[PDB]
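I am attaching a structure below and will ask some questions about it afterwards.
What follows is an incomplete set of chains from the complex, kept in their original frame.
So that you can tell them apart, the chains are marked A and B in the order they are listed, and the count of residues begins at 1 in each.
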Amino acid sequence: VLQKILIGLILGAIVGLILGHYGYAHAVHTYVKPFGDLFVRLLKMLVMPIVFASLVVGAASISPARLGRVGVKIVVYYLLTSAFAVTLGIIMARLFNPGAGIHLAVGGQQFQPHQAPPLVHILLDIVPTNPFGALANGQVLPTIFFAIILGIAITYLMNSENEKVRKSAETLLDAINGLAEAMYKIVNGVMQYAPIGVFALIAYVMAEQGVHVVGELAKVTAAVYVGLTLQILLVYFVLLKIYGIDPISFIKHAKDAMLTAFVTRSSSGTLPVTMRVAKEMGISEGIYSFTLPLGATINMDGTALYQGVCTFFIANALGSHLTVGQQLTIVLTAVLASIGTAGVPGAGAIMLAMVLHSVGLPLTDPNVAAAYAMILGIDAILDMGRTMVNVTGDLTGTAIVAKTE
Amino acid sequence: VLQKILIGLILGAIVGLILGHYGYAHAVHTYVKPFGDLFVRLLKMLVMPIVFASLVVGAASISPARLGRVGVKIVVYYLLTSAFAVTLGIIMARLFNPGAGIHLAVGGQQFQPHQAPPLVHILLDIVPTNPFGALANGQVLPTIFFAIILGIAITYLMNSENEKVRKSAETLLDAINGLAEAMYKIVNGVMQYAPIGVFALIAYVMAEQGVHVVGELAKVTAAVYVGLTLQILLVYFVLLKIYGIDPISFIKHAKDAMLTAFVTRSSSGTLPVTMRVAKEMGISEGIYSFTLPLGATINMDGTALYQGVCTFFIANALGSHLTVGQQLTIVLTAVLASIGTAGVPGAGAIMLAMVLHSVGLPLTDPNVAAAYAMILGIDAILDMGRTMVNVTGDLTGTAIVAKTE
């Protein structure tokens, strides 16, 4: 499996890259990308039962602390891993270069989605209004919430005086587990397609946007991937070791999701695999159940590091000192944008504006707008990497709060 | 419990009221309404499983009569309680006078709701086309219907020749009961937040519309509340007592629903609590499972009483003789719009036009428009009261048909 995917990944990225230089970009998109979609598709499909079932059951564990404790632990873990990652980006963007060379074609045309939901209508939006609707619409947040409340609820019912009560409660709680179980059985079968999918998936990415990783972009591309590489070593290997956990047992188990998350670019779409991985490394369904999903949307260290290295790239190709010292605002805003950024195909660059405006350079004065347009050119490239470091870091922390609680 | 809420209630009312007389209305809203929202959120959530689950189970009771009997009983009980209520509000509107004080500013703007669905595509719309969708979209009517057809079906399945058919039936039927059971477990938990919720809720209501209970409205305001008051004494207590049931054990057990319905204003959103109260006083799940939901949308004695007093208020501020003798039309159309009115936040005043134009005064002729416009200024206040009489009345007739059948 891991060799058939790697065989696919490598020979793919190569087969792609050739065609992009021979001008077959469009022809890879009309013939190859679908085979790679059937994969992204066949994954998205498991996201909803798997997440749901494996968390109502996931209130197996001790309500008050376990969950509550595990939560407070991984939330603090998430925030720090995020904040650090942008700092490591901020620096990486100094060492390796963004780009001082002047951006040509002024006026790229970048729209203003200022109608950005008020923070209150987001936090309040975390409580479902129809667990069923929320359930049948994606919405892997309220769905998380309702699962927990339903789980905790089921647990209490089993400690009841009545024999009736605890019986029907265990019928349901079992049935829900049937699903939970049945779902992984699938994540496995539909993982076998991953080779073809992976190959076909990058065949597009490279033959469409790789054939442009040159100029100052090449510097940035590299300025990001190196920044990324370090985030794994300097942060995940470093925090794993001190936490009594084997870095090679880690990055060999999670070697499955690690890749899916890189070819798909959908952190959220990778969730079924990410969750099989956590399960297939013996973590309690009370941890990986409320950590990976809550994290498949909060912890985006990779995106944050990317947001840092990108604030400088526009600050350079614009001509500011990046408000030296007050680039701790970037450190902050990029942590705030991390949370927000949604784990869909490629919306980190979109949610990158909030940070850009915080350093002082809005997406409207067409110098900033036309420089941004260049970043968006090398984005299928940039994302892959960060959308790994995004899923990896969520496991790193599941593995921590694993041993811990 | 009832005290923690009562403390919050009275104290909130005062806190609000004062802030509204100092000009802090927009600050309560931006700050305090969300705590009251989180409450309504947390309830709206349980509305869908609770209704579904506790009704498939609800087909424990004897298919033919019980349901078929209890049904026809509670509809007659409902229609009359609604008719009585508007008559009682017409009386209450002649005695306590609405207001012959000539309408002020001419320019209210009220578009015509003529596109009010045909009765055909309303009755037929009671049969769901996708129980799963009807299930996952609110729609607590077709959902009611399916639940019963599912139950009754699960009932026949147990009396089967095969032991497998009867086994699986009892699996499902049980699992379903898990949810239902589990869902009340939450009604009790989420009930604990209510004090903070309640306080936060009226805090807004009063410091936004309470600080406007003046002019002719103050009369109408009171003209309505005194009517509502009687509707509890003269009808509910009187019809409770006569059927061999204790009015004080009633208002003692149903104290919870009554209040949540008063602050929420959501008759429908109060359904979980209301349904716990029904079970928390021993009505069989074969009755409160099909009376309260079907009642949270048909029986709205309060709205009809509020719809009575309000047709006159415009007949007074317009100079119409309230079409003496032919005000039996209000009596009818209000019983007809009662039904129609949906237990959402505040649509009694909207569904009022059906009754208004039936009396002769159309919502288009600027005089009526500008009359209506004032009533709608003091609505949060006006609604709270009738929202109570609305939930209350559903319990009353469920308590009647409790003893009867």
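Basically, a contact is a pair of C-beta atoms (placed from the backbone, for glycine too) under 8 Å apart; a residue touches a chain by one contact, two chains touch by 3 or more.
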| item | value |
| --- | --- |
| Total identical subunits in the assembly as filed, 2 in place | 3 |
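Operating definition for what follows: only the chains that are shown with their structure count from here on.
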| item | value |
| --- | --- |
| Approximate Å spacing (C-alpha centroids) for the pair chain A, chain B | 44 |
| Residues on chain A engaged by chain B in the complex (per definition of touch) | 120, 124, 127-133, 135-136, 146, 149-150, 153-154, 156-157, 165, 167-173, 175 |
| Touching residues on chain B, where the partner in the complex is chain A | 34, 37-38, 41-42, 44-45, 47-49, 132, 135-138, 171, 174-179, 181-183, 185-186, 189 |
